[PDB]
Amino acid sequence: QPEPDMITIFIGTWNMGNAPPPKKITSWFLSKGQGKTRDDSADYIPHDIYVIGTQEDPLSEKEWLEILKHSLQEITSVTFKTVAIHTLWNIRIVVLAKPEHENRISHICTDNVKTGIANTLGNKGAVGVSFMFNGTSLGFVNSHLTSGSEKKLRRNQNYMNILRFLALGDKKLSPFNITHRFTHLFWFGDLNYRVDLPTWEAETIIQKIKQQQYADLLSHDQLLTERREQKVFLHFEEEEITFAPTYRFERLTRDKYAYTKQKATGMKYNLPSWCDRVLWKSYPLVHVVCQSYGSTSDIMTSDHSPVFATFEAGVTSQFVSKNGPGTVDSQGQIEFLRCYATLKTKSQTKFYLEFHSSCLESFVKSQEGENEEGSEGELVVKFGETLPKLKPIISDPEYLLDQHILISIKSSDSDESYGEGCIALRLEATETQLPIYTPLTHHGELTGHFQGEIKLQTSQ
């Protein structure tokens, strides 16, 4: 039985509005409704992994697991295995996988982050799950961010707290937050960003939605505008939105948006908005293709509609050779030529690099770089030809060209990372000097760049 080099992943996000679900929710898992929808000819084909995020979920874990598993069994005639379930307050994540994947899945990690302080601590935050699928690391974050049209900055702050403090993946990757720990990271939830138009325009917005004319609404979506201004979700991707706003509906129909201020809303308007979203970030040059992104039309218990997204995702096998794992393979090496970091910092410590990769027995520390002044004010840290030669565990190009090197640039004075990035080994050539590049971030914000040349030796 061959190991896969692709899987499909279902992501769902649903703010249930504290109400039990209706008796049938299969349209959600079938990617049927509005937006980019899944072909009918695929209905019986199970996804490999289903990741379900709920917010305002009133059910026990047991109650929801029974609904989810029976829903998938009805669709696919497969009894899915439960990989993980984690709940913070009424924010929940469930991971289900086809039984054939049970021995391919390992290193399962769950965590949560509570956002806010005092007033603002007690119902918002995030849950997450990570695991290995053969040679590929997968992370999944379900967040419920701060509500209200005039709180986009609080949402951005919530995002940064979650990516700093959610403890998923390989704890040996100490300099790296969740935005660098996974081959594929999916971040979804009730992110609660709104369409920023005047309240007086509510009926105009509703008109536009009835005409399926979303362009003038999406141009005011706060998540798209904040992302374009690099205020949040830097280096994440989102499929184009082609479904109606998923909030705020009158319950038991989808015919009416309920936007007017009420005591129950704290006297706040809820203009129709794309609160419910799926984003992802994958390592450079790894296959990831969104195959659906939409909302259901027939699940009406909540004031939100469920959102679905599906993905093809490249995966690799758990590689064994006659040498590594358990030793190096002298036929493999990774060299860096003419490398330099450009940093936005005003500080003047010496810096060194750390190279982290599951193709190395352990991480590698460089010598300190040489600091120079850039012509536009910047710190340039030069490594020249001084970077250590990296010794991979396996030299076979079928393995090595699918790997990635994480880079942290650290202060010699404090050993704190000033920037993190990632370099793909999926090169155009081996034994050839080739340009490399990554942006550097710290706490998910841009802090600089790393560029230079690489030379990769494989056994071929």
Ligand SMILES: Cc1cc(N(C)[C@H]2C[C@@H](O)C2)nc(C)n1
Contents of the next structure:
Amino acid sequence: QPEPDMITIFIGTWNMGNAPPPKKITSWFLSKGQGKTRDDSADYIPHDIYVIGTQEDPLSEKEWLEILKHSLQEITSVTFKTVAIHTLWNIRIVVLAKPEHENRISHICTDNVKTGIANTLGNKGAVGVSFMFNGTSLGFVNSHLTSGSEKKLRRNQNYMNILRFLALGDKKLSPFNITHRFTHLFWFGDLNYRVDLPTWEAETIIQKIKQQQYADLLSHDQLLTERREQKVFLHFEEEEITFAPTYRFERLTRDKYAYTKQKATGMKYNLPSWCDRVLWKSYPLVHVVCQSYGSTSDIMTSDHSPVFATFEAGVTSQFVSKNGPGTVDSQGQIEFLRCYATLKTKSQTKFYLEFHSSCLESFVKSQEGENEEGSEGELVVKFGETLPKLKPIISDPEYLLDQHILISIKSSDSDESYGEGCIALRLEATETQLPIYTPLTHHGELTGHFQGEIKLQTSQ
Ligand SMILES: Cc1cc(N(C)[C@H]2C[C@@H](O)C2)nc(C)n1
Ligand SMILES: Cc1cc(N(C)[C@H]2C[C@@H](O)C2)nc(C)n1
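Now show me the form solved in complex with this ligand, since the one above was the form deposited without this ligand.
Expanding to the full complex; the earlier chain stays at the top.
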């Protein structure tokens, strides 16, 4: 039985509005409704992994697991295995996988982050799951961010607290947050970003939605505009939105948006908005293709509609050679020429690099770089030809070209990372000097860049 080089992943997000679901929710898992929908000819084909995020979920874990597993069994005739389930208040994540994957999945991790302080600590935050699927690390985050049209900055703050403090994936990757720990990271939820148009334009917005004319609405979507200004979700992707706003509906129909201010809303308007979203970030030059992104039309218990997204995701096998794991493979090496970091810091300490990768027996510290001043004020840290030669555990190009090197630039004075990035070994050539580049981030904000050349030797 061959190991897969691709899997498909279902991501669902649904703010259930504290109400039990209706008796049939299969349209969600089938990616049917509005937007980019799944072909009918695939309806009996199970996805490999289903990841379900709920918010305002009134059900017990047991109650929701029974509904999810029975739904999938009805669709696919497969009894899925529960990989993980984690709940913070009424925010929940469930991971289900086909039984054939049970012995491909390991290192399962769950965590949560509570956002806000005093007043604002008590119902918002995130839950997440990570695991290995054969040689590939997968992370999943379900967040319920701060509500309200005039709180986009709070949402952005909630995002940074979540990516700083959610403790998923390999703890040995200590300089790295969740935005660097996984081959594929999916972040979804009721992100709560709104269409920022004047309240007086509510009926105009509704008209546009009825005409399926979303362009003048999406140009005011706060998540797209905050992302375009690099205020949130730097380096994450989102499929184009081609479905109507998923909030705020009258319950038991989808014929009406309920936008007007009410005591129950704190006297706030809820103009129709794309609150419910799926984004991803995958390492450079790994296969990831969104094959559906939409909302259901026939699940009406909540004031939100469920959102679905599906992905093809490249995966790798758990590689064993005669040499590594358990030793190095002398026919392999990774070399670095003409390398330098450009940092935005106003500080003057020495810096060194750390290289982390599951192709190395353990992480590698460089010598300190040489600081110079950039012609536009920057700190440039020069490594020239001084970086260590990295010794991979396996030299076989079918393994090594699929790997990635995480880079942290660290202060000599404090050993704190000032920037983190990732370099793919999926090169155009081996034994050839080739340009490399990554942006550097810290707490998910841009802090600099790392560029230079690489020379990769494999056994071929
Ligand atoms: C908790 C945890 C650990 C982990 N490790 C150690 C990987 C096994 C592979 O050899 C590196 N990976 C993930 C995704 N999570
Ligand atoms: C090259 C590139 C561009 C980009 N853009 C323009 C986002 C659309 C959102 O409005 C800003 N996002 C990413 C992740 N990469």
